[PDB]
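Q: Spelled out from the first residue to the last, the chains are:
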Amino acid sequence: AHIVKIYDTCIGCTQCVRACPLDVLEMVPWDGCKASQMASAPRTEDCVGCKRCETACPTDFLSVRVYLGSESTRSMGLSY
Amino acid sequence: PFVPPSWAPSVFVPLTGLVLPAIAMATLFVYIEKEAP
Amino acid sequence: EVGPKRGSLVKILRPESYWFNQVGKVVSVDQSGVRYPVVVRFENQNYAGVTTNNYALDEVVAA
Amino acid sequence: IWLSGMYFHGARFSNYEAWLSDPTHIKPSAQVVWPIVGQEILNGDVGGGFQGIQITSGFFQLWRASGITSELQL
Amino acid sequence: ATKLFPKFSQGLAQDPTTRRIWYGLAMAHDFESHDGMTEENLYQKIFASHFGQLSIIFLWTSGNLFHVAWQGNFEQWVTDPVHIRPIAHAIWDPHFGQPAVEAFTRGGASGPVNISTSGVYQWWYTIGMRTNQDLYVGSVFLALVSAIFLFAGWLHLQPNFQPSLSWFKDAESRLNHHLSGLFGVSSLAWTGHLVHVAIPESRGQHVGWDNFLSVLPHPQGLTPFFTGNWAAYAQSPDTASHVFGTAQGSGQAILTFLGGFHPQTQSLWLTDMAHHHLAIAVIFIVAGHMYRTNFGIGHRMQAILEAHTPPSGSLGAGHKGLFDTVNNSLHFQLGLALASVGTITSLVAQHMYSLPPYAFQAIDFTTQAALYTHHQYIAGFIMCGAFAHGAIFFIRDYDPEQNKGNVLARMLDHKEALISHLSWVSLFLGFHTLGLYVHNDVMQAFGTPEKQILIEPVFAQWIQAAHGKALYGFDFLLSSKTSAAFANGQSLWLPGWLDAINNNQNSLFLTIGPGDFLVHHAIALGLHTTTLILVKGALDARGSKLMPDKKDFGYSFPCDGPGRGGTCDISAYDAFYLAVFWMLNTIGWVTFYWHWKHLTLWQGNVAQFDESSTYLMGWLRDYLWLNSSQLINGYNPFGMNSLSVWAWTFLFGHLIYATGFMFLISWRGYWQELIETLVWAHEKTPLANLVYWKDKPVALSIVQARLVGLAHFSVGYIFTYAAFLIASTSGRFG
Amino acid sequence: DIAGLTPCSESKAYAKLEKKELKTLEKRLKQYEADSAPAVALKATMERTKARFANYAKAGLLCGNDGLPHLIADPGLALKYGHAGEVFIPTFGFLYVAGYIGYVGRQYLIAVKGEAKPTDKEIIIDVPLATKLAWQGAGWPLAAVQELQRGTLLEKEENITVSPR
Ligand code: CLA
Ligand code: CLA
Ligand code: CLA
Ligand code: CLA
Ligand code: CLA
Ligand code: CLA
Ligand SMILES: CC1=C(/C=C/C(C)=C/C=C/C(C)=C/C=C/C=C(C)/C=C/C=C(C)/C=C/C2=C(C)CCCC2(C)C)C(C)(C)CCC1
Ligand SMILES: CC1=C(C/C=C(\C)CCC[C@H](C)CCC[C@H](C)CCCC(C)C)C(=O)c2ccccc2C1=O
Ligand code: SF4
Ligand code: SF4
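Protein chains in written order, with the numbering used here: chain A, 1 to 80; chain B, 81 to 117; chain C, 118 to 180; chain D, 181 to 254; chain E, 255 to 988; chain F, 989 to 1153.
Everything labelled a hint here was simulated from the structure, so no lab data went into it. Careful, some of the hints might be misleading.
Capping the alpha-carbon separation at 25 Å, the derived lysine to any residue pairs in SDA-like fashion look like this [said to hold, decoys possible]: (1) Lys1144/F - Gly150/C; (2) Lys705/E - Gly819/E; (3) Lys799/E - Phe700/E; (4) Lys705/E - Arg1016/F; (5) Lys51/A - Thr168/C; (6) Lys705/E - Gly224/D; (7) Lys658/E - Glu160/C; (8) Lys1031/F - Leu584/E; (9) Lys1109/F - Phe159/C; (10) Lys705/E - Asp695/E; (11) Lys950/E - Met76/A; (12) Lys1018/F - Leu183/D; (13) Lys705/E - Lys1120/F; (14) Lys5/A - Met76/A; (15) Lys1011/F - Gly819/E; (16) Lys299/E - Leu584/E; (17) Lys1038/F - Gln268/E; (18) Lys5/A - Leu584/E; (19) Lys51/A - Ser125/C; (20) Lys1109/F - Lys1120/F; (21) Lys1101/F - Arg152/C; (22) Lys658/E - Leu1141/F; (23) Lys1004/F - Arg1016/F; (24) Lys51/A - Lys658/E; (25) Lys1004/F - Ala861/E; (26) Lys799/E - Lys1004/F; (27) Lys705/E - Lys1105/F; (28) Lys423/E - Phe403/E; (29) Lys128/C - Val1133/F; (30) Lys1105/F - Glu176/C; (31) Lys1109/F - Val1133/F; (32) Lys799/E - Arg123/C; (33) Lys114/B - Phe700/E; (34) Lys1031/F - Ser184/D.
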């Protein structure tokens, strides 16, 4: 399983969620920014680490990171 | 007092070319695939 | 109240920012309880092609 | 434009007629370099009282196959 | 599944792929990142591993002694070594055919032996071996010693004898013993062996383990040593009419200072080497009492580091707090060790081609070639390792707050200046070197060879005139007969050195000209470039502007994906990865250059070098093309000869090399899809869907394939050049 | 002489190479006529060749054992023995023109940063301004040492340095 962490510079623009091809990110209520939202990663056992969430983040140096870790049969994307 | 015999390459070469690789690879292959209880 | 006024030029001190030690222009300063209220534009773009970023109060200097 | 260049260089800067007079022993040449820093050694002795770079593109055999006998037609 | 292999990393022994096998082979010696690794356990494992390495070294040397003593002809080689070739070992290959064995049987043997291009024969003849029996005794002894070291390595893991952590990290007590004991006493004892055995064997005698207790090494003996008459050990040394293995012109001296070479054997005198090891034994033993142990007078290294911060603050804190990072980290110490050992290795090569120590060296030319090339390539790899462990130090063991203001933080503060100026010198040397070579090529191609730039290397010729080479007409400091240095050294240690430096037949201070100018600049280009890549990788390991948290990923991580324009090869591992190619190139240049200059020296025409060395066609035609005539004729449809094995290795290298390109050029995912279709095919094939994988097959990971491609590149490169060098030099002169 | 060689005037290898080149050239010349443009070009080559040898002999060049000229790169040595025209004068000439190019470029860059769209005037050259600055810097070194001594040549530490340390 990989390590996906959301940081506090998030502005809650939902770009990371629409870019995730595996549905491991979701938007939770929050009271720290104008949009009153913040991303969260409740299902990092389904993540494969494609790093589209990092590409979609607008704020400079990113508000979401994907640290690579120990692979499994789901995090390798093996269909056989 | 030490001398290896005249027939020594003939025996020791295929031993270390064929036998020890065979035992090594078979033993290691059983070791690799073992399941932890 | 809380921040420098719009149109003014500021200087970034947040290190991980791509525009560290450079000059930007302020757009708006949020008055609410946001953690990062200062919206700064820049005339060049970072690697990702974005030219706008939020910053904290102490990380910008009127210069 | 390219074909026109080839026919022009065949017409003006070659030894096509000297080649038609004797195809063996006279090698096809259709390019002449200018006498500057020393590149003039590239002008080879191609036969026929001519000097230049031997061509392998084989326009001369094509022209003889079409019937061209003079540089004016080129 | 949750397989056993490997036990050091639980997360690795978890996945059902074939990644676990390769990674389990790859992370075995990464002790710092196993499961449950404390610090004491780390040091103890490193200690036992050192014992393992020592065991392997001594066992290997015993192997060399045994094979030379059994299958070689060392007993016959010592009678005439400008003749019958050395013998390494004998072959028993059932794949041979009749002319093969008929061909390989050479050197006076009775079967397929192959020549020993290693220089062990000259070493063992100089130090004082003469028969087989002594070699066997040495082999048995070294095998026994290897067994002792292996047992000790097992011993110090047993839980009663495990040293605690603070026994390690004891700097001051380790250096006194290393410097005094390990260097000084070993050097003193080696002087003992030279004086007692090696000299009287070179006078003609058999001083063995029998009757070395009853033989005077000098016919006065420990009277002048205890009187203070030491110059009575140097009177009447060996005459220049000497014959080495006999008593003809034999002297009596044991500690001289002559310089020069032996007039009949083209090596250094043994008495000088006795005196040298004696002198530096005294120096090292005296230098071993600097630091503090459980006594009074010693030094503290922390005080010494603390007090050296300069006033005016040109350095911030100077060396404050370094002692708690040199002591606390292993990659820092390993980096320093690899740096020193690599530079010393180069020095070994550079001195052993020019000042040959061993008897009848430099008349076996293949020995010279293989020795120098070997040590050069070894030095290259060692230096690359030094910078790699620098990068690992920065990522894993560096702490900023402990290093606030010392020189180590200053180096991280202004690193862009370093990288910029290394880039500048690399560019400058590249443009001008390549330009001058291309200009000389163009001039040579047209009919005018006098229109080309041939700069005379006047600096190095100034230096060679400073050392005594009286050919350039400069007349100063050792070449002038009225200098202070010349007159002071004249009476005892100059006249050998001058006769050895004005000879144009030895390798000592070869005559140089414009080709040497150009090639030395090429070498400087190699060094500055490789330093650029390595230093950039080391200093940008904490983070860059493309990525300011590179420290959170560790040393060797693949990439950061397509974002921000895509970041391939961003890790420090990949910087070192790029540097390896430059190391191979640069050593290629120095070794091509050395080899060709000495080929033209040994053949006879230095003119061919001094003319054809100034334009690259000279290299391609007169070195690579002309000298590979007897190599590739190692076998043909007409027959084969001795150098057929080399002519097969020579293609083998290319094959490995070209396979090396595959893992570099074609990156991963293509192979992933191909392997997936293969999985489908083996899954649906009838009568072969009865045999399955236990661990699912996947393609090689991004980091691994770089290492594999580099392995093929390096191995093929080395095998090809070794084949060409041995085959060419031993085909001509051998 | 200068590191064990001789000047090309009495160098035996020099005249041998000269004779060899003339020999091959006349060998090429033999098979043509006396009015043909081949022979015209060949005789032109003879003239240029012999003139080149005379020019290299006249300038006091130094030849090794191959009969080829050798350049001396040392200020004291070349200035003492009359060889300032092979490295020394060329290096000062090149440094002049190279600093000239660099200075002109830099002045253009500062001249165009002060506009409303610096990128357009970088991709589309302001030709009047470029020719103007192309003239205005023929004496660059004086302006360079003035910019150095006033402290405007160097930006201060408002340059962007990598984060972090
Ligand atoms: C470590 C150094 C070393 C090396 C590289 C070699 C190399 C060789 N030996 Mg050898 N040998 C050595 C030491 C060495 N020897 C010693 C110390 C002895 C005395 C016991 C011998 C006695 C010996 C005989 C009697 C014969 C050879 C022969 C050979 C050749 C065929 C290979 C073979 O069958 O070896 C067999 C080698 C041995 C049985 C001795 C090895 C003993 C140690 C304990 C093993 C070391 C284990 C090793 C480090 C672990 C690597 C494996 C690991 C990767 C899984 C080959 C050239 C044959 C030959 O000459 O053919 C022409 C042959 O008949 N060797
Ligand atoms: C397309 C094929 C082709 C090729 C490869 C060549 C190649 C050559 N020709 Mg040639 N030629 C061609 C077609 C070609 N020609 C045609 C079609 C004709 C008939 C009009 C000629 C007539 C011709 C003559 C009469 C001569 C050559 C010569 C030459 C040689 C020297 C050219 C030279 O020095 O240029 C000189 C360099 C320039 C003119 C530089 C111009 C570059 C400008 C400034 C670029 C500006 C950019 C601009 C936006 C784009 C150009 C637009 C255009 C309308 C100008 C060279 C081998 C000479 C030769 O063989 O001597 C022995 C010669 O005397 N050619
Ligand atoms: C006098 C006592 C003494 C002696 C002899 C040694 C000796 C050694 N210690 Mg040691 N040690 C000592 C006291 C001593 N120590 C004390 C008191 C402590 C506690 C502070 C330690 C703590 C300690 C640790 C923690 C470790 C050692 C290690 C070692 C070994 C180093 C590896 C090696 O072989 O280097 C050999 C080096 C040389 C022979 C010198 C090389 C000199 C130059 C570079 C070579 C060139 C010379 C010449 C040209 C070569 C000729 C070539 C020839 C083939 C022709 C070595 C056996 C290490 C080891 O291997 O553990 C097993 C290790 O990890 N020791
Ligand atoms: C003093 C010697 C020394 C020591 C003790 C170490 C120790 C270490 N190094 Mg290191 N290193 C050294 C020299 C040394 N290195 C040199 C000289 C280089 C330059 C090449 C490097 C380059 C280097 C890199 C780049 C890295 C290390 C790493 C490491 C650490 C883990 C090693 C590991 O897991 O490898 C396991 C070892 C293997 C899997 C063996 C692989 C086999 C190689 C590819 C050779 C194969 C060639 C083949 C045998 C040819 C056969 C020919 C055929 C025809 C028969 C460890 C602390 C790694 C680390 O710290 O990770 C963060 C790391 O990234 N080192
Ligand atoms: C790149 C470095 C370098 C090197 C290795 C040399 C090498 C040499 N120069 Mg030299 N030189 C250089 C750069 C260099 N030059 C530059 C840049 C200048 C311009 C300032 C000079 C100006 C110069 C003069 C004016 C003279 C030399 C001379 C010499 C020769 C002997 C003096 C010497 O080595 O001093 C060591 C040089 C250095 C450590 C490099 C720094 C450069 C200094 C300034 C030159 C030192 C000159 C020296 C003091 C004169 C000694 C007189 C001699 C009779 C004893 C020697 C071949 C002398 C000569 O003609 O010899 C026959 C001489 O008269 N040089
Ligand atoms: C004209 C502006 C200009 C100026 C003032 C400089 C100045 C400098 N460059 Mg640089 N450079 C430039 C353009 C310029 N460069 C361009 C266009 C490129 C390629 C895209 C480079 C590529 C480059 C590299 C790769 C490196 C430098 C380096 C350097 C520094 C050392 C000098 C050097 O090595 O030059 C060498 C110059 C080159 C290799 C290329 C020069 C290209 C042409 C000749 C210049 C451009 C002329 C310009 C188009 C004219 C436009 C003006 C006109 C519109 C009026 C120096 C500060 C080096 C450095 O960092 O040193 C610390 C270094 O590593 N530069
Ligand atoms: C990265 C890194 C690292 C590493 C580094 C390195 C690797 C380095 C190297 C370095 C080197 C490798 C250096 C070298 C040096 C050398 C020198 C410095 C030399 C000197 C010499 C001399 C001084 C000489 C002199 C003389 C002469 C001239 C002759 C005569 C004699 C005499 C002696 C006088 C470390 C680990 C630290 C850590 C951090 C990071
Ligand atoms: C061929 C290839 C593969 C496919 C490679 C595979 C599937 C492995 C092939 C190895 C076979 C299975 C065995 C090779 C035989 C060796 C002798 C094995 C040595 C094992 C050591 C332990 C000795 C990749 O996965 C890849 C990934 C990234 C870049 C380039 C490439 C690439 O070029
Ligand atoms: S790496 Fe891919 S799967 Fe994982 S969170 Fe990001 S977008 Fe989703
Ligand atoms: S893309 Fe970035 S800023 Fe936008 S919601 Fe996701 S993490 Fe937050």
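Q: Could you run down the list of hints and mark each one as holding or not?
A: Hint check:
no.: 1; hint: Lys1144/F - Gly150/C; result: violated, 37 Å
no.: 2; hint: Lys705/E - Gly819/E; result: violated, 49 Å
no.: 3; hint: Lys799/E - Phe700/E; result: violated, 50 Å
no.: 4; hint: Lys705/E - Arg1016/F; result: holds, 21 Å
no.: 5; hint: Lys51/A - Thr168/C; result: holds, 22 Å
no.: 6; hint: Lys705/E - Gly224/D; result: holds, 22 Å
no.: 7; hint: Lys658/E - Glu160/C; result: violated, 35 Å
no.: 8; hint: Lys1031/F - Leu584/E; result: violated, 75 Å
no.: 9; hint: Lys1109/F - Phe159/C; result: holds, 20 Å
no.: 10; hint: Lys705/E - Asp695/E; result: holds, 11 Å
no.: 11; hint: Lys950/E - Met76/A; result: holds, 11 Å
no.: 12; hint: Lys1018/F - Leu183/D; result: violated, 37 Å
no.: 13; hint: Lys705/E - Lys1120/F; result: violated, 39 Å
no.: 14; hint: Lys5/A - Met76/A; result: holds, 20 Å
no.: 15; hint: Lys1011/F - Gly819/E; result: violated, 63 Å
no.: 16; hint: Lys299/E - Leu584/E; result: holds, 13 Å
no.: 17; hint: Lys1038/F - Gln268/E; result: violated, 82 Å
no.: 18; hint: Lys5/A - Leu584/E; result: violated, 32 Å
no.: 19; hint: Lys51/A - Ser125/C; result: violated, 37 Å
no.: 20; hint: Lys1109/F - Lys1120/F; result: holds, 15 Å
no.: 21; hint: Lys1101/F - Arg152/C; result: violated, 36 Å
no.: 22; hint: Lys658/E - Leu1141/F; result: violated, 31 Å
no.: 23; hint: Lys1004/F - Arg1016/F; result: holds, 19 Å
no.: 24; hint: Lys51/A - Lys658/E; result: violated, 36 Å
no.: 25; hint: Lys1004/F - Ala861/E; result: holds, 16 Å
no.: 26; hint: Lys799/E - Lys1004/F; result: violated, 63 Å
no.: 27; hint: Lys705/E - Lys1105/F; result: violated, 50 Å
no.: 28; hint: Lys423/E - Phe403/E; result: holds, 23 Å
no.: 29; hint: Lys128/C - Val1133/F; result: violated, 31 Å
no.: 30; hint: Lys1105/F - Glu176/C; result: violated, 28 Å
no.: 31; hint: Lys1109/F - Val1133/F; result: violated, 28 Å
no.: 32; hint: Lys799/E - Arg123/C; result: violated, 28 Å
no.: 33; hint: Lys114/B - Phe700/E; result: violated, 71 Å
no.: 34; hint: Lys1031/F - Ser184/D; result: violated, 34 Å
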